[PDB]
Amino acid sequence: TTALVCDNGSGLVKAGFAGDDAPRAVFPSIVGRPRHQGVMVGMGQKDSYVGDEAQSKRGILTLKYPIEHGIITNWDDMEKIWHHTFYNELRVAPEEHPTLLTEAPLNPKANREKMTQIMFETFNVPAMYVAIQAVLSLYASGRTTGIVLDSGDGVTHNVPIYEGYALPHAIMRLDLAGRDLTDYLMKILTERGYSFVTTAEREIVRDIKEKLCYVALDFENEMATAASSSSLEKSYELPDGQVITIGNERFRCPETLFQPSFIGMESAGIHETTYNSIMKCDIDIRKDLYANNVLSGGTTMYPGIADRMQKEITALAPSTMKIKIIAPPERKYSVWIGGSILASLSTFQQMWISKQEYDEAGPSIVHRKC
Amino acid sequence: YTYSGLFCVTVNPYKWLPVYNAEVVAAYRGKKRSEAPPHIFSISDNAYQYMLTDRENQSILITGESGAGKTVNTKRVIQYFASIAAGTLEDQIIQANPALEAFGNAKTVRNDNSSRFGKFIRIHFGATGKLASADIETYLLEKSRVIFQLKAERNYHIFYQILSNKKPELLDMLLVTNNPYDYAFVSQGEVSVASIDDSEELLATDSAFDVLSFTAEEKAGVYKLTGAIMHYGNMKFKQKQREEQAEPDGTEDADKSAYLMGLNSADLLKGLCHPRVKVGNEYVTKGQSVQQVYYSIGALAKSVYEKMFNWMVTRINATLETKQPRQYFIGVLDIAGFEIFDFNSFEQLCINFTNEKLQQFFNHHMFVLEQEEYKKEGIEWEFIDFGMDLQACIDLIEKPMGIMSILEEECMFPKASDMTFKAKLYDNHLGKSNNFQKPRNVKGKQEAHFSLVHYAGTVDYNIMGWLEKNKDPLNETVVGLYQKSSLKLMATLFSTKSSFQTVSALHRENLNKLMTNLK
Amino acid sequence: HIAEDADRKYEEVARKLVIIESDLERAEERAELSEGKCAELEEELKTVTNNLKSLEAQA
Amino acid sequence: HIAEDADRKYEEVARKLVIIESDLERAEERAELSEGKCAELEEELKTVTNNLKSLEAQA
Ligand SMILES: Nc1ncnc2c1ncn2[C@@H]1O[C@H](COP(=O)(O)OP(=O)(O)O)[C@@H](O)[C@H]1O
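Chains I, G, R and T supply the protein sequences, listed in that same order.
Going from the first sequence to the authors' numbering is simple: count from 1 and add 6.
Throughout the second sequence, residue numbering follows the authors' numbering, covering 115 to 200, 215 to 624, 637, 644 to 665 in sequence.
Going from the third sequence to the authors' numbering is simple: count from 1 and add 152.
Going from the fourth sequence to the authors' numbering is simple: count from 1 and add 152.
Rather than coming from a laboratory, the hints here were simulated on the basis of the structure.
Hints may be right or wrong, so weigh each one.
Claimed, not checked - Within a straight-line C-alpha distance of at most 30 Å, the following computed DSS-like cross-link-like pairs (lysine-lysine) qualify:
#1 I:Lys240 with T:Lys168
#2 G:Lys616 with G:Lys294
#3 I:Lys86 with G:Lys406
#4 G:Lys189 with G:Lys258
#5 R:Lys189 with I:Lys338
What the hints assert, rightly or not - A short, non-exhaustive set of chain R residues, derived as facing chain T with CB atoms under 7 Å:
#6 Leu185
#7 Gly188
#8 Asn202
Note that CB positions come from ideal geometry on N, CA and C, so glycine has one too.
Assemble the whole structure, with the sequences as input and the hints as a guide.
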């Protein structure tokens, strides 16, 4: 029997069947509730909308993400999202399918305990399993060695692997991702006059970010160039007409990944935490880590991010190593692709957590063994 | 002629004998097998009686990898069936048979005309027992032969038949030379066998195309398909400078192929170099290493050849079909036999597994018939099923932890090597299976890597190169390119909310399909 | 008659306008993709030239 | 009234179409010129890579 792969993420649910090339259902991980009165008697108003139905009706709803920084902070909303994913998007019965969920590294244990308890009780999956996103990304990249930099909507983390062995003491987790860049852009757009305060307006700004922002190779002279001429200015049209034009914001928004002090954080840029995670590894494997930086996730999709990353790491590493940033063109779904590959392996069918093991050991089995 | 329990062992006499003609011997009418002399015509008459008295389809399974004796026996039995339930259907069958001879036959190291597919002739009878039109059915084909060939062998004749430089109109329409060593998909083993001429083969095939309903397009288009498959063999690509992406170097063969199939050169090159997926409700490109694109090219050629073959099968089945509504038929299952060569490889594993299934099937049949006979005489005697259990343990290859299962598992596993594959095999089966054993490689022979105990002895295999044999990641972008081509034959082939296809999977499923067809 | 004829000719010209805008944005995004990559690899060329010079000193 | 209104505004629409078509042709020129310059640039880069690898072998 086929299995389900349900990479959750903090901004997008990507589900599908183990053995496909791409996720079958990709929709926002969002729950909307009506905000206004409701006067038309007989309209049949729902209590809440999920997925991308809540996205087209977003004008009258208040949107909430049930996952903040990789952690599930609203379990009823997460249950709604899973119910939707199973019954309306994939149109299956969860009782007939093992499910491979995914989770960021180095986040609380109650998260996985609640995941597995929810699955086994309110969905009656025959078996399940909770992988780590970076490992699956490496599976999808077709490698067994490399330091993968995953950057989605909630959390950015490095995991260095060698020959299929993880270095759990060198795993570095950072908490600025797509959503903090969206908020920084919402804050930077006000200095031109545009004011986005609603959650629907946050979605609008997210789309502006996904369409017009890029990473400058050299930040300072890019700033000076944008100051001198006006060739960097593009235009965007809100969904009511009323075009807006942005200039240096285009590269000031994603630059925060390399100077997290823009949003008042004390951490270092992603280049520097990658270098530190490498320099925390055994001196023999780091020459092979330098040449297998695997970029993953949506927040790594800016134009020019691989070149800036390579420039920075080359400036940090010794002048003899060969820095290679590996950025596939489909790197936004690498975690799901690797998850499907993993759940399709024959030697994996003993790694599931069967219903009987859960019935014997309680929800605590998820990390105690698997 | 000889009876063997339930089989019928006959030997090719190499000598004309009136033991078949005239009907003076074909007087077996009405008799059983046990009373008359042991002739296969008595078997055919028994098949007639059974199909008429039970309204149940019947099956004829002959061993076929013997070079001759297969041909003459098929001919004589089908002639018998023509006689009993009476430009005949036998003439009709042997008219277009050069099609199958040129597409599904090649020089094997221990042969010179070997059917690399299964021929299952369905000769139909009226509701009361008068012969109707007969439709033939084909099955799984050793299509890995399209790309890869061992030493001292070659792939399907049609390539060399065309390459015989007989009709320069073809060799110029396909922009192709006559040197076989310039096209890789055929020049791996031997380019020609001196035991046969290719000009007469080309002429026989032309005659077959003529007697068939093929037009100028239904002949030149097939020639174009074969030429394009051959021009695939020397498509060359390089990594994009400083980065990991296949980039073309020279597009002459691309021009040839785009002109031939009715495609665009740029569209072909990019769709090969930039696969695309349907992600939810969106489209995104995929990057590719060179080897992945070469896999795509080989899979494309294989699928082209396979669907062309199947379409010619349907065409022939139509051309030999015009008859009133029928009910019953007799199955004539021709099949390759077991193989034990001095260097066994993956294709041999496939064929041996097929024959294993067929032999277990026969054993089931003989088991149930013997059990019936023992119940008949009130003879109380029960035993473990001879038909299934003794062989159910040697089909580890099918259990989704066995040999071929682990094979696909490694095909999906990154950086998988034949050494890693051997390691996994030994982990899963060494010592935990009695049929799985280590080969006895004594210096003086080629090395094997594992040994299985089949019913035909203990067989040894060499696992070198099997990932290349099993991987079939199909490129749906070029599939869409095909489904629009101007070459109408291409569209007729590929008319009718991917990256995982393995030759093992399709092979196994077609085998199970044929098994259900039999049972 | 005049009004509807005008409206229909206009709407066809405008539905060609929309595809012209789409092809314009495609052309400019391709051009900026290009130029950005080209200046990034120009920096790469600068690096490799500096390495070439240091290597000449080594020779 | 409605007919002449549509007439005027959609003639202005055709004017914006002239603008967008002009800028589209400009962007096609920009794209082709940039890709040609950047093919020259990629020739420079492949050549200098050959240079550096050969020369560092010698070094
Ligand atoms: N083309 C793009 N360019 C820049 N950022 C993008 C792009 N596409 C998505 N993103 C960012 O990626 C985030 C979603 O990425 P994803 O990997 O799906 O997150 P998760 O893994 O948490 O589901 C969004 O917050 C968005 O800001």
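Structure-based check of all given hints:
no., hint, in the structure
1, I:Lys240 with T:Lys168, "18 Å, holds"
2, G:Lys616 with G:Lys294, "26 Å, holds"
3, I:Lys86 with G:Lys406, "26 Å, holds"
4, G:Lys189 with G:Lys258, "19 Å, holds"
5, R:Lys189 with I:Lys338, "20 Å, holds"
6, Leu185, "9 Å, violated"
7, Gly188, "10 Å, violated"
8, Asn202, "10 Å, violated"
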